[PDB]
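Coming up is one lone chain in structure tokens, specifically the form solved without the named molecule.
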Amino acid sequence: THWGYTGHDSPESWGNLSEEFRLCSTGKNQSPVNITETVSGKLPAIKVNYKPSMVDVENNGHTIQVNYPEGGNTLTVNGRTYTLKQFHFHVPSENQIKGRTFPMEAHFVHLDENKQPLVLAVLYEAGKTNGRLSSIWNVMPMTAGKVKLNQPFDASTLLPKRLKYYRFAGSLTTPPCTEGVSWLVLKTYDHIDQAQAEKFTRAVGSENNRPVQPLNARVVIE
């Protein structure tokens, strides 16, 4: 069913749209969340192996998504290898750190061999222009459609130096709100100019952040 962020299709109503979106309102391990209290722990290191690839940018009406038709771009964590399937954006951010909403947030969606999803999240602070995002921003479809990127894109450039992260379990922030998703939110933020965030919104048609959900029985580790 059609769903959105405004009108009668807003996040508060996703569960009433179709029986398949039921977990959006009944789930107890939903995303995004407001990270306030955390438990300090010895978290395992992240091994990222991204390479210049043949990707295609897409405007699906909900976000601007960069699709990877093939494998080869991976993330290894605690012995398990996850393959990057796609990455997209949210303006403003969905997850919050101590009540702070960020200008933008990127979600790098991965899937392991058993099809278990893992999302790596990057938060952006308001500031200097990001040239690393220009290659995608300049070809950004202003309307619903896909555009093949002529030059190979290297997602490695979109990741910080230090890969320390916050770890918790959650779900997809969009319908059907499937749970069983591991979330790794990077502690080191990147940046964007207020104008970059603005062009995004204009292309999508509205802010596309889902409101924060209750942590419930969950503990966030840092």
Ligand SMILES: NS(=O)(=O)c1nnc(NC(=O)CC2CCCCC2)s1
Given for the second form:
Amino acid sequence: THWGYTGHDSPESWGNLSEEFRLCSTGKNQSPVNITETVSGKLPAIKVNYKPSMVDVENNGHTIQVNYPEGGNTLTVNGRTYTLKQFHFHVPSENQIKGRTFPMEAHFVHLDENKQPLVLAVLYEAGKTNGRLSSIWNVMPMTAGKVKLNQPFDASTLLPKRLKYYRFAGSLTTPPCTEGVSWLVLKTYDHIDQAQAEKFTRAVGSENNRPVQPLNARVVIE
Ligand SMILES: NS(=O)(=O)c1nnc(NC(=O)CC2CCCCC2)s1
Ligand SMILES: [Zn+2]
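Form solved in complex with the named molecule structure, per the form solved without the named molecule context:
Below, the chain from earlier opens the complete complex, with every other chain and molecule after it.
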């Protein structure tokens, strides 16, 4: 069933579009969130194991996604290795820090051996063109369709050297809004410029950011 960010299909309505999307409205750990107060805790360090891989880029009406057919881009935290299935973008950002909304957000989506989801998010400030993201922008399908990018791609370079993060539990930010998703949101911002935001949006069709969901009982660790 169709869903989106304007009209009757918009997030306020995802629950009612079908039986499967019901959690979108009745969830109590829904993403995104606005990150206000936090608990200072001694979090486990992220280990990054990203390397050049043969990737392919997809526009599906909703977002611009880079998919990894072959495993071997992984991420280790507290003993468990999480495999990157894909990364993708939202303009503007979905999550917020202290009321604040970022020009763009990227979500690196992993599963461990046990099919336990983990999203790693990177927020982008407005600034200089993003040189590392040009490879992907330069062949971004501006209407629905999957090309297959011919230069290996190093997600390595989209992650910062400084890897402090907010930690909470949540959900898919797109239907069916499944919960039980680990969220790790990176304190070091990257950057994109005006041209890049508008181009992603041009292509996707609209702003693609679900509204911030109430934390409820959840604590964000910092
Ligand atoms: N907008 S977002 O970053 O929260 C999303 N990222 N991935 C999404 N869906 C999938 O990755 C497929 C897969 C299917 C079942 C296991 C978990 C997720 S929504
Ligand atoms: Zn996302």
